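Remarks on the structure that follows.
For this view, one protein chain was removed and the others were kept in their places.
Letters A, B and C mark the chains as written, and numbering starts fresh at 1 in each.
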Amino acid sequence: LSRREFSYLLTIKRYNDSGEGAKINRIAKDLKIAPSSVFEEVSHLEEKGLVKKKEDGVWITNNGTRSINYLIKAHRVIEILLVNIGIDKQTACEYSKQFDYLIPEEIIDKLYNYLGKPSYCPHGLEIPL
Amino acid sequence: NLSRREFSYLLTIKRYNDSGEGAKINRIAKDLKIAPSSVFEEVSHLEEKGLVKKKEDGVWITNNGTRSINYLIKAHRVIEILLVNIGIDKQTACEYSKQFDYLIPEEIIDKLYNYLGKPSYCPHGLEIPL
Amino acid sequence: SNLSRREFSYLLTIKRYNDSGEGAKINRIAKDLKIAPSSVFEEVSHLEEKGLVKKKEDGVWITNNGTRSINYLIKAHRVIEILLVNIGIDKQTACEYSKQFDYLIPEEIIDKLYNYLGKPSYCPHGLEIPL
Partner (left out) sequence: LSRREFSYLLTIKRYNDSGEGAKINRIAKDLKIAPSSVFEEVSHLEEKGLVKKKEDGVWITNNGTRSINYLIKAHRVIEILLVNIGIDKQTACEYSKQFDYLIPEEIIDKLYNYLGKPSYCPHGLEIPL
């Protein structure tokens, strides 16, 4: 899962959480990206089993929701680590965005346990299990 | 901003320089098993970055180049320590560290070093720079 | 204009795929140029830093600036060739000599030299000179 794919899935999820499949043209508008690039990327996400197309548009799958939650956990876990070692809370977020999605899963899991199985990031936002 | 492929170049160049010899494009290409044209091209990017100087006698590593080698080694070894401390086998820790160590900012690596108690050696018993 | 001859080859190889409607994959570029994938990956990231390519999921795509710098080197090579033939150098030797420095000449010089030579359309080998 790339950070860009992360943006798509969060966007798609906002619509699904509102009762609607995500339309290509709206993802396009909301993200500021060509409709054809959005179409191409949606097919890619469908091939990975993270979304599924229905009559009213794109819907995130259970595996899609898992990938979202996993990347949220990676972002916020690193953040806690960076804040512990003495980086300011906002700079921690920006740094974490640069490589959180690249860190092997084992490391995120062991960091989570190592940090106390922390329920929240330094910005008060929840950390999935 | 130093890739692991750049690291390999720098270490190869440094081997030749440490014996009093410019690193020849052709020998670099043979040591890394890559094409002389690719070496010539990458070397000019390493020059733009202030890490080497290309001269008549071949390529020489600069002070910033040497520093950059040392920074990556520290990053690699400091991360290994954190990984072992969170319960990862040291061989797996080494392999994992190589996948992202060169991407971590200088700020994170220095602060993490201090956070771990200024370790002097990585779990393989190899020295961590200051 | 800060674009090497080797970079030029990369960009012409990337453009061939892109002209055809697909992204240039790291390993296709590598095989076409007869070099190592790791070298192509490394060089591609430098070309992305210069804003001449964009690496996407599909592969590598040339940016507008990339296309622009391909044309600018072609213009530089061929405008210089014309100067060299007009001052008495044989065209094959002109081609070879031009390659030794064409890529180092700043934009201003090539555009002014183009005007000075009367805005020529084709080099002495009969190939087109971009504007």
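Heads up, the rule we're going with is that contacts are C-beta pairs under 8 Å (C-beta built on N, C-alpha and C of every residue); 3 or more make two chains touch, one makes a residue touch a chain.
One chain is not depicted; across the entire complex it touches B, C. Interface note for the absent chain: among C:31, C:56, C:112 or C:125, the touching residue is C:112.
Interface residues of chain C facing the missing partner chain: 84, 87-89, 97, 100-101, 104-106, 108-109, 112-113, 115-116. Interface with the hidden chain, as seen from chain B, comprises residues 53, 55-57, 60, 63.
Just so we're on the same page, only the chains that are shown with their structure count from here on.
Here the CA centre of chain A is 32 Å from the CA centre of chain B.
Work out the mean CA point of chain A and of chain C, and you get 40 Å between them.
Annotation for chain A: no residues touch 2 or more other chains.
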